[PDB]
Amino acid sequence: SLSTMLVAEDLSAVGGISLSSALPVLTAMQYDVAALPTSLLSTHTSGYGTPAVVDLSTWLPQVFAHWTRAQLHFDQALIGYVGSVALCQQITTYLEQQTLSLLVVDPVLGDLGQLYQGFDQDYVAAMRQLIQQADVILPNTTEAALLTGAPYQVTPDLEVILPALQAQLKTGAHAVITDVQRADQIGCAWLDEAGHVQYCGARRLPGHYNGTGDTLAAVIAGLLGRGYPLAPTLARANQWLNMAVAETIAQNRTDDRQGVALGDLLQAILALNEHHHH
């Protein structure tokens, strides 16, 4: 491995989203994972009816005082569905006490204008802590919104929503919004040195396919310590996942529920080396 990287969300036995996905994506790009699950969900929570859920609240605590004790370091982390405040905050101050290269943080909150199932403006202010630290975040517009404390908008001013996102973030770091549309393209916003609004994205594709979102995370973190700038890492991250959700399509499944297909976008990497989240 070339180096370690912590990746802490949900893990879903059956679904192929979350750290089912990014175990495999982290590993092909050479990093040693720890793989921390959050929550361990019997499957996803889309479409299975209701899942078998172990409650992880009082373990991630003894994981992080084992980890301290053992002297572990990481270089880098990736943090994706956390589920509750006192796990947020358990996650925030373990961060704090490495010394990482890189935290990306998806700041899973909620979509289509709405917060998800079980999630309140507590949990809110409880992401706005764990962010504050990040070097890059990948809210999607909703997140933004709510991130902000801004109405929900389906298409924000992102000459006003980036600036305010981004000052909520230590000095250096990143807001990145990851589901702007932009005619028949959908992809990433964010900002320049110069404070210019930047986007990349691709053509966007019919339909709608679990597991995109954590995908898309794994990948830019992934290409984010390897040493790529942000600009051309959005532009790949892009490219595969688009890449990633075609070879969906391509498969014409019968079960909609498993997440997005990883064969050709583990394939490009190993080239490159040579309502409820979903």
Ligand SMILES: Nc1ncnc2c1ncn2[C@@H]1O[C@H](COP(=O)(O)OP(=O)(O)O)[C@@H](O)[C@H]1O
The other form holds:
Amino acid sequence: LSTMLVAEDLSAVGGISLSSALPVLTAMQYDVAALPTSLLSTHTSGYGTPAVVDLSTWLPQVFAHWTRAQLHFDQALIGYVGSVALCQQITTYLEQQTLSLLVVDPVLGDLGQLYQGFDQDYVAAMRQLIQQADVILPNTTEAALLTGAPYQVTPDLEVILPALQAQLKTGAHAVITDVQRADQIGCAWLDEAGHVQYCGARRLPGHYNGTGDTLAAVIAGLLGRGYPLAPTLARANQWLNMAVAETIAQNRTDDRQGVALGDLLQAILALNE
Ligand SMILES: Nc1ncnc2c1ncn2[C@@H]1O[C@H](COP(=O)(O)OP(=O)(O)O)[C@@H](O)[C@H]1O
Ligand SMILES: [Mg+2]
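Can you give me the structure for the form solved in complex with ligand ADP, which would complement the form solved without ligand ADP we have just seen?
Shown next: the complete complex, the earlier chain at its head.
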């Protein structure tokens, strides 16, 4: 079984980030190396101020250990990192690897603004991290921050997509992930001919934690199994829609918990056969 490094935050309570990546990627037939970039009592939306461990001095030791133990990784998914130093540490470790797949979710902001504690220093560190990525999955706010364009609710995909590509290696893909078209929500990217493609599914009411994390985990898992980008995005969006639908069907009293994974895990097992 292939090995997938996943580096992102772990919140003990919340059902998002590394806690949701582990079940998904394990079900998708990877041996997951689950590396917290931060450790939190709960995620940061709705439980009050969480108790957090700073892992900035641990990760360097982790990479040094794996290096000496002669561990090698097939594929990697990098999610929320959270500090300039950790971005830089991850960037150089990954450069030491021969990765067949690197997916970066360049978590930086939403609704037109940087997340709290993130400033243009973090933006620069992210631009360095994405340099070897095969695929990046910014939202519309993150795309604008990376290129340095002023935020637009509806940027010109014909302008912003080439601008983003200009920072990636030849053959890599910038996929913008929360693009709305009429009643749809989905992903937009440039095909090999340079034409903007859109892949979406009918938007469901409400807002749900962990959707981007699970989308990234599914995209990484599919690409890692050799599925071309377009059918990968088609399936990820279908799966993304199905998980949100199951979440709604649970009639939850607690709106903080991340998207349900049961129907998604069932779909994965069916794909495996
Ligand atoms: N309300 C919703 N209805 C249907 N699908 C959704 C909804 N919210 C998110 N999704 C799906 O999950 C994907 C990831 O959402 P995105 O906005 O990128 O996540 P995040 O805010 O967590 O980064 C979207 O592309 C879409 O596929
Ligand atoms: Mg996202």
